[PDB]
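Here's a solo chain for you in structure tokens, the form deposited in one PDB entry.
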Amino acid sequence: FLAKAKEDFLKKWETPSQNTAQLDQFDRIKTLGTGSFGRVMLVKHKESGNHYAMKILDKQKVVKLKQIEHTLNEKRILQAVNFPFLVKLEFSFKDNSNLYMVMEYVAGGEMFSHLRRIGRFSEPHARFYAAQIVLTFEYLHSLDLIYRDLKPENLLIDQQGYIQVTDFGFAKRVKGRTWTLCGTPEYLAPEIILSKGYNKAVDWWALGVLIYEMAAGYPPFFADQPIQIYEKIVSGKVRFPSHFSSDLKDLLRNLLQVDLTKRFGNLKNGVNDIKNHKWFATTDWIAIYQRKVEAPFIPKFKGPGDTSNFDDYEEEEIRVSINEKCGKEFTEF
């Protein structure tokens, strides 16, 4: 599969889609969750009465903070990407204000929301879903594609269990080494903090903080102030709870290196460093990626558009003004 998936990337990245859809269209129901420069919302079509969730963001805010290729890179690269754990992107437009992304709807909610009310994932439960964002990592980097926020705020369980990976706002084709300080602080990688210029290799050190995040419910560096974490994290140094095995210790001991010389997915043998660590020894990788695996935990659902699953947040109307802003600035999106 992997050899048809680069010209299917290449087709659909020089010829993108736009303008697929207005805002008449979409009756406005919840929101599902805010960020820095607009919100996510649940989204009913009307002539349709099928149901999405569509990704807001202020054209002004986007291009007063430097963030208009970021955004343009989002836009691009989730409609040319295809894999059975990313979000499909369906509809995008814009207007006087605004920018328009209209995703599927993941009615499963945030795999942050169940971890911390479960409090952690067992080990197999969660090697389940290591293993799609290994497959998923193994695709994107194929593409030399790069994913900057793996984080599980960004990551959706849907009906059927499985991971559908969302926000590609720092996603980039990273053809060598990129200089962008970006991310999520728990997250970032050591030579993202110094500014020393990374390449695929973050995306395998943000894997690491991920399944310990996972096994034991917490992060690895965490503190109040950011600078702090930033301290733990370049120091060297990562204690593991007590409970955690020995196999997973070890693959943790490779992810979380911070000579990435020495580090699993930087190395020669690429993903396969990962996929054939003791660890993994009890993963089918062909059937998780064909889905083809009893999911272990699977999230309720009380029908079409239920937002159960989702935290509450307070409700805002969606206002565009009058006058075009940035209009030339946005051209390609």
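Positions refer to the first chain, counted from 1. We call the rigid core the largest set of C-alpha positions that still match within 1.5 Å between the two forms. Compared with the form deposited in another entry:
- Only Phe91, out of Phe91, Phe83, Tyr162, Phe240, shows a C-alpha shift of 2 Å or more between these two forms on alignment of the rigid core.
- The two forms, fitted on the rigid core, differ between these two forms by less than 2 Å at the CA of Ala189.
- The Cα shift for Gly38 between these two forms, taken after rigid core superposition, is 2 angstroms or larger.
- With the core superposed, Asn276 shows a C-alpha displacement below 2 Å between these two forms.
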Given for the second form:
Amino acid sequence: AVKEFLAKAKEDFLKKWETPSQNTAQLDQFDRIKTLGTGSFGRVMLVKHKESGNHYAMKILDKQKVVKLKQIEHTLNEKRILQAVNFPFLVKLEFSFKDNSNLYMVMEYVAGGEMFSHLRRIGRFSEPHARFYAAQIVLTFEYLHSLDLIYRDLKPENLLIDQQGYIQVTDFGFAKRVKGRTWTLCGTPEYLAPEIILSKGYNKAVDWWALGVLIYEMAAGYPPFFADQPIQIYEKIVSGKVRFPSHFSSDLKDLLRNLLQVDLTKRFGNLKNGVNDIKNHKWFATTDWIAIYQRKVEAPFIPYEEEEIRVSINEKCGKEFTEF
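What would the structure be for the form deposited in another entry, given that what you showed me was the form deposited in one PDB entry?
Shown next is a single chain and nothing more.
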């Protein structure tokens, strides 16, 4: 039954992957409530749809800055994935459009900050708290991997916690649709699987390694492999030696020993049973997988001069962002 749900999800994904939706709204259909922040390429604004009355978070990307910062491919790739995926723990892109100056990605409004900030505010998570979050990543990676997507950017900064207390994964610039191997070095060093560092090619198994690092940091308060210089972090990653805190349970240490396996042919999530080797592990014995997917489990923790948008008369970077 799980196999046929993924089969229907992949068919739906391939339809939108083949024919991405474009220009599903325009700028004059939204009321500009307030600017929530100014970012790398542009600003993020809280907006209200004039007709429906719902609230959305509109990201405005200056097309010229995107070109200068060499982020053209990452921007188009994120938009193509977001308009085609559909899963409870992924940020939902509601509308997208462009004009002469900017790109516009109208997102669902999610207040509640990133996991990185909360992790530094609390310190560390209790094992039941971490398991709640880890279970969501497991289902998310099961979904993305079934679409042949390697997320390969798992880190606390890319995990928001919504008002319901659930995880939403946000940054999809690096995500690549791969069936065989790939080689591009990307992602934060602390979460890189050893096969990435060795530059011998890698597949979806690097995501399960990243989950291993993520569970460790949540339960310990600090990542398993860390040093002042990246080259030292690389050595510790390839060496594989991990030290667990005393408060780590026996089940947790066993799961991490199988997720943080240096040999990708022995790593949990990359065996014949696939993701089920993780779901059926003793550490997740109390985990109701269907309930987590349905967002029924109670969350362990729940979280002015406005400037105008100038739309130039000249079309900017029309060639680069044609597919947006």
